[PDB]
Amino acid sequence: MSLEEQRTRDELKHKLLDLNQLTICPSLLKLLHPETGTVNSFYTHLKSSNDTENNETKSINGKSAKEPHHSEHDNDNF
Amino acid sequence: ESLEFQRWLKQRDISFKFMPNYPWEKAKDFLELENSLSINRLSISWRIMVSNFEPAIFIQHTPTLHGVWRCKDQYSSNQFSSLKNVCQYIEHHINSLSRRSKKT
Amino acid sequence: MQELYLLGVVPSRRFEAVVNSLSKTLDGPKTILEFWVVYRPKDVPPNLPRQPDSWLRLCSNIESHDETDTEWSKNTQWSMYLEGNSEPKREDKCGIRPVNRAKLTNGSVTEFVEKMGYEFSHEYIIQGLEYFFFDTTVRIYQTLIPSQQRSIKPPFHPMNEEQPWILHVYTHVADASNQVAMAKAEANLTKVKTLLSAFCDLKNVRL
Amino acid sequence: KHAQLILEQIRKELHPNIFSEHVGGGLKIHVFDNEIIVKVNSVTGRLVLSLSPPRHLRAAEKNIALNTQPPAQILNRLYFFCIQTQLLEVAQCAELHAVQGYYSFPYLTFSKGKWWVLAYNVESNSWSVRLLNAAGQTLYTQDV
Amino acid sequence: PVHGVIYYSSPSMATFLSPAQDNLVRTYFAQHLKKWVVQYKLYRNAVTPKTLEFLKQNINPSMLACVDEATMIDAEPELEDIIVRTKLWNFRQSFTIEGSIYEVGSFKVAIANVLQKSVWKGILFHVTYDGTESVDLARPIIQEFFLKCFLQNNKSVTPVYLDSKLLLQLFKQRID
Amino acid sequence: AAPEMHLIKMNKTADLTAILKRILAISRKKXXXXXXXXXXXXXXXXXXXXXX
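The listed protein sequences derive, respectively, from chains U, H, L, F, G and Y.
Just so we're aligned: the first sequence equals residues 1 to 22, 31 to 46, 61 to 70, 101 to 117, 121 to 127, 131 to 136 in PDB author numbering.
Just so we're aligned: the second sequence equals residues 437 to 503, 508 to 544 in PDB author numbering.
Everything in the third sequence is counted per PDB author numbering, starting at 1 for the first residue and increasing by one.
Just so we're aligned: the fourth sequence equals residues 389 to 438, 444 to 508, 516 to 544 in PDB author numbering.
Just so we're aligned: the fifth sequence equals residues 2 to 162, 173 to 187 in PDB author numbering.
Everything in the sixth sequence is counted per PDB author numbering, starting at 850 for the first residue and increasing by one.
To be clear, the hints were calculated from the coordinates, so they are not data collected in a lab.
A virtual CB, placed ideally from N, CA and C, is assigned to each residue, including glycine.
A couple of the hints might just be wrong.
Unchecked claim - Straight-line C-alpha distance at most 20 Å; calculated DMTMM-like pairs for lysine to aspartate or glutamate:
1. 103/L with 82/G
2. 30/L with 130/L
3. 103/L with 77/G
4. 505/F with 23/G
5. 88/G with 119/L
What the hints assert, rightly or not - Here are some of the chain U residues that sit facing chain H, going by a computed Cβ distance under 8 Å:
6. 65
7. 67
8. 104
9. 132
10. 136
What the hints assert, rightly or not - The following label-pair restraints were derived from C-beta to C-beta distances:
11. 22/U with 401/F: 36 to 44 Å
12. 52/L with 470/H: 40 to 48 Å
13. 544/F with 499/H: 27 to 35 Å
14. 67/U with 16/G: 39 to 47 Å
15. 457/H with 18/U: 33 to 41 Å
16. 157/G with 452/F: 28 to 36 Å
17. 462/F with 448/H: 43 to 51 Å
18. 75/L with 498/H: 44 to 52 Å
From just these sequences and the hints, can you work out the full model?
Okay, structure coming up:
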């Protein structure tokens with residue numbers, strides 16, 4: 001249902017796969041499933101470590117490092 | 437100057453944070469205040485806030501006396521002359537950041 | 001770097017009393033602590049430069065360093081000097097010796113003079129006091145011989161522990177070509193000589 | 389008397405565009421308007437920015458310490474340069490890079506981010529969209 | 002932060018093609034090999050040699066490589082030259098590296114015309130870029146911009162890793 | 850080409866046109882508000898202005 005929003009996080013996980021194009033991360037996708045239980063190219067320029105985040109209505113923190124993926131407590135997921 | 441910032445945002449009650457880290461906070465002896473009043477660069481970050489889930493446009497600010509307003513967002517860092525430049529820049533936010541957030 | 005300078009012995013018995021006539025009226029006191037190695041470039045053929053200056057002088061300032069700490073020998077600041085000799089016909093006049101004030105930055109330090117192959121020779125330690133007058137300064141001497149080669153541990157070895165205080169006013173010219181700093185600093189330090197003359201008798205010595 | 393004679397000296401060595409007044413040497417590197425004064429006694433002139446000034450005064454006045462090369466067109470350097478920094482701050486959003494390689498004129502290049517080439521020029525400021533290569537077909541406005 | 006200086010058989014164009022690029026510019030990128038030869042023999046090679054090159058990394062350290070080839074000590078003097086001049090030491094045909102490093106963006110391109118004592122040698126190119134990636138996640142993709150602007154007649158020499176490493180890497184082209 | 854008195858062809862946003870805008874054939878008319886039934890009419894008044 002709301003998992004499509006998490007799918008965007010999965011798309012963010014796909015962005016990590018896109019970062020792979022540039031394992032435990034799959035477990036992070038499982039964490040996105042746990043979330044299911046409950061432009062940006064300029065941000066890449068900021069990564070060109102950096103910072104980014106998801107919104108509406110979940111503050112996943114897609115900060116670049121690898122990268123952060125913390126949910127929003132701080133929920134310091136990567 | 438920082439008062440001008442704070443008064444500038446008292447105008448509109450947006451959340452923001454003055455963040456001092458003074459040398460004169462420190463003085464292990466009376467001779468360290470002697471070094472505590474150096475003209476050296478002094479960070480004073482600000483944290484303007486109305487956006488929720490997204491992290492603040494965190495700011496670098498080191499108003500060295502001589503020899508000093510460079511923010512950073514998720515896009516690009518930018519030095520500003522007047523604090524008024526910061527103000528109007530966040531006005532470019534009060535329009536365009538709002539619109540770009542609407543398109544997200 | 002054309003150093004301009006004089007020399008005058010101070011017996012230790014009157015030393016600190018002189019310091020009262022000095023440091024209260026001057027910058028400092030600053031204790032000196034610097035380990036020398038005056039390596040001699042034994043070389044062929046004659047005529048060698050052979051002069052004492054021609055022999056190399058690595059100059060490890062260590063005054064802030066511990067008397068027993070082990071990292072010193074190639075981590076604490078070093079230097080190097082050949083230096084020109086003081087001028088001929090410099091009678092009574094402050095000696096003028098041009099100076100190459102070398103500096104260095106690597107874990108390797110001494111090694112390059114032996115990369116130049118130069119042999120070890122005599123060694124000591126500046127250990128006197130120095131009192132500023134802008135670019136000019138006085139440098140009263142203490143040059144104890146170190147207790148062992150490459151050993152920073154005291155007691156060291158003055159030729160007598162009734163050690164002479166080889167008082168030594170000086171300055172360091174950037175370049176000798178102009179008359180400016182010549183007569184200027186010679187005048188200022190001659191007045192410094194008038195100051196010491198209230199308690200000492202400096203003289204030029206050939207170098 | 390000599391002082392106001394210098395005030396008119398540079399003022400008539402200066403451009404009409406920038407009205408130097410006796411109110412206090414109001415140099416007019418627009419938007420900013422700032423003081424021009426020569427120091428009483430020992431020189432290093434007391435020209436002043438309107444709050445805290447940076448190197449500009451320091452540069453013109455240490456240039457006075459240099460004495461050589463009288464300042465007038467140099468004031469024009471101050472004008473175009475401080476304005477350069479101003480526009481650089483205006484160059485931030487809409488990254489009009491104004492890279493100067495394609496011509497080295499005092500007229501000064503304006504450019505664009507990201508970028516066969518279609519040029520971009522303004523001066524008075526006057527919005528003369530002079531896209532060029534060479535010289536492409538253009539369009540012009542005088543707004544603002 | 003991989004290094005990758007490249008020698009080229011098609012010079013001149015760096016002064017010409019890079020400005021022709023529509024993008025942004027920074028500052029100087031010049032450095033100088035200085036071969037040495039002791040006025041007598043004895044000190045001929047290795048640890049105690051005729052060989053020496055103070056290396057003018059002018060861009061940042063302003064510190065010479067006080068190096069008798071693979072003899073690691075560094076210093077600004079200069080005064081050391083005169084110290085070395087105690088009835089001693091000469092030179093040999095070293096080739097200086099000078100140029101033209103410019104701001105770009107995610108990466109930036111150091112540029113330098115190269116100069117033998119016989120006037121010319123041949124231009125070198127370099128591009129600094131973020132170092133968190135493994136050596137070739139994008140380095141060839143960076144070299145897409147070695148083909149943009151297109152670059153021609155490159156020498157095979159490949160020094161590899173901030174930029175202090177380039178000092179030893181100078182030898183990689185110096186020993187040639 | 851052009852061909853026809855039809856104009857816009859339009860883009861954002863507010864401006865004091867002089868370059869200008871809302872061109873019919875080639876030359877601009879700066880009639881951003883012009884109706885599809887009145888854009889060609891704007892090009893007709895522009896034709897009235899075309900005498901010099």
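* **Numbered hints the structure breaks, given as an ascending list** => Per hint list: 9, 10, 11, 14, 16 and 18 violated.
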